[PDB]
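So this first bit is one chain, no partners, the form deposited in one PDB entry, shown in structure tokens.
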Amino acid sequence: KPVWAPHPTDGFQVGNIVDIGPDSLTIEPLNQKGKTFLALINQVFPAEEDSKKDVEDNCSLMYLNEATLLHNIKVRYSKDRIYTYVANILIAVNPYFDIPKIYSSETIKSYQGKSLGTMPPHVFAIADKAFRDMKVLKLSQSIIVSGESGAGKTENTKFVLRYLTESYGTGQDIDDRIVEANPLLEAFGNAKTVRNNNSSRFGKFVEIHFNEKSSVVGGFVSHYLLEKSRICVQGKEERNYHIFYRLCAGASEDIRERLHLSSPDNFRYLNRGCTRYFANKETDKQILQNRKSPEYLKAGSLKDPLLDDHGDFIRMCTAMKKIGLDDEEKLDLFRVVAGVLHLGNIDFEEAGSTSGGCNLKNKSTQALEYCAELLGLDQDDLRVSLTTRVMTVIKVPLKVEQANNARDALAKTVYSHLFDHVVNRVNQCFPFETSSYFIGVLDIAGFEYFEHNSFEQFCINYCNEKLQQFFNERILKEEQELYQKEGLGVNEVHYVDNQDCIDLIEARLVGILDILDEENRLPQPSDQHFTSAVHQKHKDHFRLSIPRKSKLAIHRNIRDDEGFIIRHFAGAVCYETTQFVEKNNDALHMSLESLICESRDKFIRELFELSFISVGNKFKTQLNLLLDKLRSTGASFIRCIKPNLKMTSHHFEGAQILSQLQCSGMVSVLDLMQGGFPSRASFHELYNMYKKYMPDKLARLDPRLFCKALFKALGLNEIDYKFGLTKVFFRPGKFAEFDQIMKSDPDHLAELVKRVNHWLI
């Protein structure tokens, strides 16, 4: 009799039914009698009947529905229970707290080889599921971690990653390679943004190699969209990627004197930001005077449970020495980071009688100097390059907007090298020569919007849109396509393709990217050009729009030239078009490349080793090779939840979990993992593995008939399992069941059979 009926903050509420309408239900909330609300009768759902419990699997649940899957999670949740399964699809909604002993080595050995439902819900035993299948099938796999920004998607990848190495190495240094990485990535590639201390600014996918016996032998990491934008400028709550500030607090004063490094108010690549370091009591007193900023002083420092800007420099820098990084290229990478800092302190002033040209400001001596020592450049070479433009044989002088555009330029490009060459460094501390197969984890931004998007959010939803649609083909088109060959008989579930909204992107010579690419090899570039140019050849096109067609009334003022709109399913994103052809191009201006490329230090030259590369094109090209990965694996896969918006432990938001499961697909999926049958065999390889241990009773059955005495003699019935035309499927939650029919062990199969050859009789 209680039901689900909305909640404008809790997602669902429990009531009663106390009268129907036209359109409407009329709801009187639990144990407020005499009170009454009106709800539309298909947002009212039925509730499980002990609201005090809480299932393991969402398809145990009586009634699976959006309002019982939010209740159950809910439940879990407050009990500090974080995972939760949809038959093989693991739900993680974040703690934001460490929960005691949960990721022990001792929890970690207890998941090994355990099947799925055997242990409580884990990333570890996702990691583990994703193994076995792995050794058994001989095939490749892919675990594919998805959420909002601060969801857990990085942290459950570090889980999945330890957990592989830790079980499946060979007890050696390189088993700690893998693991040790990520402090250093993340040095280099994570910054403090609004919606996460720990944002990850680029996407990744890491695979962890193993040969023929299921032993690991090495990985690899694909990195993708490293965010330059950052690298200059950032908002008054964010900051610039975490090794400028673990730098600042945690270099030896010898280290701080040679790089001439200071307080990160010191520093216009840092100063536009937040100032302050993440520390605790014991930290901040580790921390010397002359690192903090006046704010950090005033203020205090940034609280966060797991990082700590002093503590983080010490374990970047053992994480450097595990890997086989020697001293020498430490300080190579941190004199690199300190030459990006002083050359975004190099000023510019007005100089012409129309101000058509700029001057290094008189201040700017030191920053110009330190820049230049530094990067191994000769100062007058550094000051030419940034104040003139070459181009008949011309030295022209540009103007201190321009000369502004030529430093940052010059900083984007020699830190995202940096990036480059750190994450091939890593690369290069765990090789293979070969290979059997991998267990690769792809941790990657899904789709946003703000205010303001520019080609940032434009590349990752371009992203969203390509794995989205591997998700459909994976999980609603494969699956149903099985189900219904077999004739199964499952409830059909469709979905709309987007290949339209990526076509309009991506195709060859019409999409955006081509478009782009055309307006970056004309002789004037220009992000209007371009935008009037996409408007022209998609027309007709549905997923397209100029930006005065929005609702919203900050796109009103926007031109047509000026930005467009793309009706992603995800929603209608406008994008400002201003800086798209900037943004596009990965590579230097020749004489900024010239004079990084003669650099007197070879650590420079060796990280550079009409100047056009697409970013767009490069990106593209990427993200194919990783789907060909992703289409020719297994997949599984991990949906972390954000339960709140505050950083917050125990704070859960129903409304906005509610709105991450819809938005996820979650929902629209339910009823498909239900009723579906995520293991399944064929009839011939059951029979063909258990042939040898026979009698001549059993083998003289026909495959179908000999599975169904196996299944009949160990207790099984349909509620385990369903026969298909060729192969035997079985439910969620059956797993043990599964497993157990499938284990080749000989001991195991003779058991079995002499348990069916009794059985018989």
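By rigid core we mean the largest C-alpha set that fits within 1.5 Å across both forms. Residue numbers count along the first chain shown, from 1. First, how it differs from the form deposited in another entry.
Relative to the superposed rigid core, the position of the CA of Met673 differs between these two forms by 2 Å or more. Comparing the forms between these two forms, the C-alpha position of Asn362 differs by less than 2 angstroms, with the core used for superposition. Put the two forms on the same core and the Cα of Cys59 is off by less than 2 Å between these two forms.
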Contents of the next structure:
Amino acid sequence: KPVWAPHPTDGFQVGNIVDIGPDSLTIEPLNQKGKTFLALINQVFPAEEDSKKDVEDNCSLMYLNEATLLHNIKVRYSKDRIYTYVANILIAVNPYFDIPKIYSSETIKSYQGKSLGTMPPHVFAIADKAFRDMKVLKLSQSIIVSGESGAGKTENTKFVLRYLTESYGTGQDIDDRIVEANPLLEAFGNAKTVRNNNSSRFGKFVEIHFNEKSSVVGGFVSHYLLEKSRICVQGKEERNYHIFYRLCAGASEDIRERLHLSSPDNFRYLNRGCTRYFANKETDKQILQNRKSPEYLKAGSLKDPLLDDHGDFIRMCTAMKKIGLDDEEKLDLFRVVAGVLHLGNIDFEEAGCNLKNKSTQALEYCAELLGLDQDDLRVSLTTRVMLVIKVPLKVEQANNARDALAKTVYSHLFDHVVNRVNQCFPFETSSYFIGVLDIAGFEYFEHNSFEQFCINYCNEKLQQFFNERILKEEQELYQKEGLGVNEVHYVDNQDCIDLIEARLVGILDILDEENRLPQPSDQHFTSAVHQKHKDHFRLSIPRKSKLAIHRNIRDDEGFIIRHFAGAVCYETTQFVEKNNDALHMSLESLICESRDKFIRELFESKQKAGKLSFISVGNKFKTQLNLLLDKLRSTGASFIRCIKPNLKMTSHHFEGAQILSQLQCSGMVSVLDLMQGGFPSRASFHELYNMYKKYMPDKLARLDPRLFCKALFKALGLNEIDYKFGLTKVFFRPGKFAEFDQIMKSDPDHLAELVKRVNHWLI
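Can you return the structure of this protein in the form deposited in another entry rather than the form deposited in one PDB entry?
Next up is only this chain, free of partner chains and other molecules.
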């Protein structure tokens, strides 16, 4: 009798059907009771008989649907079971606290060489299946860890890497380096955002390479889209990259004086954001008074279970030593970091413009740390080279020259760090790899800019990949075998991908075209997108938004993209500026020709006077992404769907509607609809024949694999609908292969008797 009917905060609630109607159902919520509400036919789902129980694999449910999945993972989460399967897919709900011993060395050991279902659901089982499939099928593998900001992608990527190196490594401390390199990338590429204290402001693909003997030979890290806007200004509850705070909180008084550092409130590149440190009662005592901002003294420390700006600086130094990064290179990194900070403190005033007299120290400190002549820096920030004529810049143009230099220097430093990490675990050759993808998922905010557009473009391509691998190939296998399964259709998003990335006509090339025009304009670009794609299904003017908050945005000030997971309204202001990775020739020449070898080497691995300096961020990213998707399409794939349980970073706080929405946007409803009608467990006639012939009377082996299976299945008295004979394999319905392997373990005399009852000639 019980069903699942909608609920605004829980997603679903338990109810009973009291009246069925042509277009809606009448639900009486459980133990209310006189209260009744109307729900759509397609929003009411059958519920499990036992509401207390849970299944490790959602395919084991009596009814597999979004409401039964949501309940199952809710019950598990309340019992600190954050991992649940959906056939070969893993659902990982962020616990927001440390679940004891569940990632221990003993735990790693217990998951080694064990098939899915042998052990409880775990990120370690997904990693082991990847290593085992790689070893047996002699084909590279990829693990895609997806989810919203704060979902746990980065933490689960670490668990995968740590499991694989600690389980299939050589034993020597060289295996630790793939793990020990993460605090280093996180110091430079992670930052405090409102949705995640340790947010990754870059995407990564971490490959672990192996030989023919399937043993780690090294690794390789591909980094994507480091956020540049974060380097100069942040919102008041957000911070710059972790390194800035780890250095101000942890650097010795010797490093502090040498790099001319102080409390974060003294730097423009930090003081618009949150200037507080992550500390506890113990670590606050370790931070000197000259490091603490007035905001920190007034409001105290920021709280997090793991981040500690003082302790993280110590762990980062340890990580640097452990991966082979000497003290000289350590200080070189810090020098460039402080060089960016001091650059930010340079102020300009109307003359044409010039440096403020109060900016004298900042110019001095920045030029010394970046290896530049002060006058060269002063001239390169307040003028500009045109067709040759030094045109004086206005105060706002100087601010932009300053910040563009900062963003370039920091982005190049991050490339150095990524590449340095890759040199610390190199390999001559490899047979296969296990790649782990950790990149930002689809998201919308009140304001979406070029950064979100790029992330959402990337997600459009990864969703297409997931849809093909999980829905398209699986249904093609059912049709090829002639199983006559109900077709589950998904919306093909190729037209959305094309809209963004096609050459000449795509939005990324229309943006590039704008950057190459004599007077580039965000509005001219936006009108060109709307004019070219006026009749496109995936594009709209902001006026046509379903959300009232976007209706005032002019046609030339934005656009809507109907992404796979939903419509996103973009404000196109600063799209032209954000699409350009290049510096004006004067600034590029200035920094490439630094006195300091390390700074020059940041730009090692020529523009004419009146020539345009332009490097397309969009098309550099399209290229990197097309390479990544060549790698992913070449490999076997596994999917880890991470779920953010709430908007408060709190433990044991399951927000049903928010979770349902994440499962819905990731396309899991189509997966459940496919599974509920599909056959996830399968085996060839020869595979079943070779594995189970020994258990049966001898005469059964004389039969060909197909007919051996036909005879066995008749002897066992298996439900005709529980399995389906295909052209080359037996397809087992959700959780019906387990029932078969169960009886096959039964007494051989009873198996012989079962055969005798259906064909005594086979005795």
